[PDB]
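Asks: Given next are the chains, with one letter for each unit.
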Amino acid sequence: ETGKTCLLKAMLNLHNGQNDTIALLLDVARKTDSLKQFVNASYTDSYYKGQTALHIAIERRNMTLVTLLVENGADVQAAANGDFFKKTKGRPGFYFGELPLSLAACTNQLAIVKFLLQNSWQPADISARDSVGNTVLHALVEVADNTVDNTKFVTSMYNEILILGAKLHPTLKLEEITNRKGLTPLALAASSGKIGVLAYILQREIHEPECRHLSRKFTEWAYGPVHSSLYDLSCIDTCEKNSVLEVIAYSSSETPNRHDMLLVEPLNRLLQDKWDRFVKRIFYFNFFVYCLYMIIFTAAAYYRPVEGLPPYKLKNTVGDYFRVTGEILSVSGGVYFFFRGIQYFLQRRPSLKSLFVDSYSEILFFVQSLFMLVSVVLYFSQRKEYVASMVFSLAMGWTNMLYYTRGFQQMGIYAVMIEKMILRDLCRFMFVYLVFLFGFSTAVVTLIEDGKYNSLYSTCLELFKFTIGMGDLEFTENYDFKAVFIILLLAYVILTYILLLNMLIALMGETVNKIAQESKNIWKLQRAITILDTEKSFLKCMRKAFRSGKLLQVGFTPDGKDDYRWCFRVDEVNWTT
Amino acid sequence: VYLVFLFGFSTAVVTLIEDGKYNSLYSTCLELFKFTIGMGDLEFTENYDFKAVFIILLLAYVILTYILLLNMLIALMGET
Amino acid sequence: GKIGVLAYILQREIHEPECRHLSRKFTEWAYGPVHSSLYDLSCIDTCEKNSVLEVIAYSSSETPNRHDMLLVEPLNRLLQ
Ligand SMILES: CCCCCCCCCCCCC(=O)O[C@@H](COC(=O)CCC)COP(=O)(O)O[C@H]1[C@H](O)[C@@H](O)[C@@H](O)[C@@H](O)[C@@H]1O
Ligand code: NA
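Chains as they are written, first to last, in the entry's author numbering: chain A, 152 to 603, 627 to 751; chain D, 583 to 603, 627 to 685; chain B, 344 to 423.
Here chain A stands alone, though its shape is the one from the complex:
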């Protein structure tokens, strides 16, 4: 059924790492006809397909047993590609890369990986890929979970494997190998939210001759307390497939450490530098142009004609020429924002949930433009209702100005606090409030069906007035069920003020250094997105966003060639040697 052999049974059932049956079975296999097909026996059931004796030896941490298995000619490139050993985590399983080298690496067994790479009989292929296209480094990235001990052992194993691979194959660049999705280990770590691995990779130093070129952090010069270091920006700002900033900024909002991954040492200063060099002036220019657009729109709408039945004839006086010019400019701006919204939605392809849980401002600007277009259509159709649509554009046009509070730290954080308070707390309050309002409105309309309480709309407005301090408890009318009406109104007022008090108290549970920290990180992420969009637009056919220049870091690769890497300078001071 499963294909289990006597060898696998002996491998599974042993005590203290020893079972003399294994050696006897191997000797009998040698003497009978051959050992090759016996030692390399493996399961055939799809749930455990591909597993052989080497995997069991590695799992049980038995060095002598795996050494014997390799000595007898065991295949060290077998793929344990059963359903148990892969993703689709709807069931028990453990994905490790399907290969014995990846299995030893992922279980923190350094001696076994060293033996597998540097044995006398059959060395392992360090560059091999599994069914998904993942190398050993991709597997190491996959098994990370950002805890302390996990990060420690994964980092150490990653460093050791990289150094050994450099020594055995000086011409091999392991970190450039991509899986089926086109992701390198750095891109995979960045997009998956593996902050501990990213923080190691981006600023690693390897102080060992003949493999110093593997480092990404160097030292340009040193004085006494002060010294200057260089950070490599290869595939950080531009990569032509997937840069770190691109995969962090444009993630799908489900990455666990989406906000925190921008706080590592090189990226924060890189984004601040990009902001300070060229992006700030363009942002302020766009803000100014939007302000001019809104002033012209407001002035044009203010002086509309009051005659009925549009369209209106153009007169020969000056004010009408200015008015029609303003109308034309407003409609042009609406068309511009309409096309920009379409371009965003087509170029990003949001997944029907990323539309609303993120990117609100795109929706708001698009809705403003839709109102403008509906106003135009009604204007030329000889309808007077266009004014209504126009004003719903105009009011929105002012509130959308809050978009430009980013670029200023305090106002940006304040706006982020506003947005989160709306999206988290108000939605819960309004549901309960509307339930109470509708219930008491129906009761009041039923009790009194005349005199300002003959409909649900009027009664709802009259009860809403009580919530804003504009109520009416005079009781001058001669109702049939007065003294029952009074009890209902008093109960409604008391319950509504209990609800308001409870809301106010509940909102204090966010000022425990909770929102204060989540904001400023959300603001930094927003400004990062703005920087990336501005760079991608660039408005001039100019792409001079590069950093400190083609500096020479080491200049001595394993070959005679010298290397240049577009580094970023950081100067530091330390008064404790």
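The hints are simulated quantities; they were obtained by calculation from the structure and are not laboratory data.
Beta carbons are placed, not taken as given, at the ideal position from N, Cα and C, and that holds for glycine.
A hint or two may mislead.
Per label pair, the in silico range of CB-to-CB distance [said to hold, decoys possible]:
no. : chain 1 : residue 1 : chain 2 : residue 2 : range
1   : A       : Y487      : D       : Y631      : 31 to 39 angstroms
2   : A       : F436      : B       : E416      : 28 to 36 angstroms
3   : B       : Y401      : A       : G284      : 52 to 60 angstroms
4   : D       : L673      : A       : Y631      : 22 to 30 angstroms
5   : A       : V440      : D       : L673      : 25 to 33 angstroms
Go by the hints and put chains D and B with the ligands onto chain A.
Replies: Showing chains D and B with the ligands alone in chain A's frame:
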């Protein structure tokens, strides 16, 4: 932030209704400001041609203004 | 409301010869970092006299640790 919101809604209200306490920007700004201090006017006893659109604007303004006030009050407790 | 004794009893492990049947928490299998465990659930879900869940839920509110006794490892997962 409050002044930006007030100016925007005042211009919208003057444009929608051009007579009867809403024929100037100063008067409309005062009338909308009265809501913030609990002295508003939601009687709707006049015969405006754009009634029932005016109500929606006033309700939206009131809700947004109280959102801003709540956000201020909560945010200012981070200094305590 | 003896939280400590309940927490001990519900997940005790006795690994010794001739008396391991006294355990209520067992190990089904172990891969490397991953493994699977089994909880007994005898007289937790139903026993027709006094189950743990019925006793905790329908207490008279004078029990000290009425809220915390449902946070022990098997009961929270069972209820979810
Ligand atoms: C006439 C009636 C008028 C009604 C107007 C109603 C208020 C207008 C307010 C205008 C503010 C414009 C704006 O700036 O939009 C705000 C949110 O808008 C709202 O509150 C909508 C309320 C519905 C920011 O959204 P943002 O596009 O920055 O997305 C954020 C990411 O960038 C970030 O990384 C985080 O992932 C974050 O979780 C994301 O949100
Ligand atoms: Na009042």
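Asks: Of all the hints given earlier, name the ones this structure violates by number, lowest first.
Replies: 2
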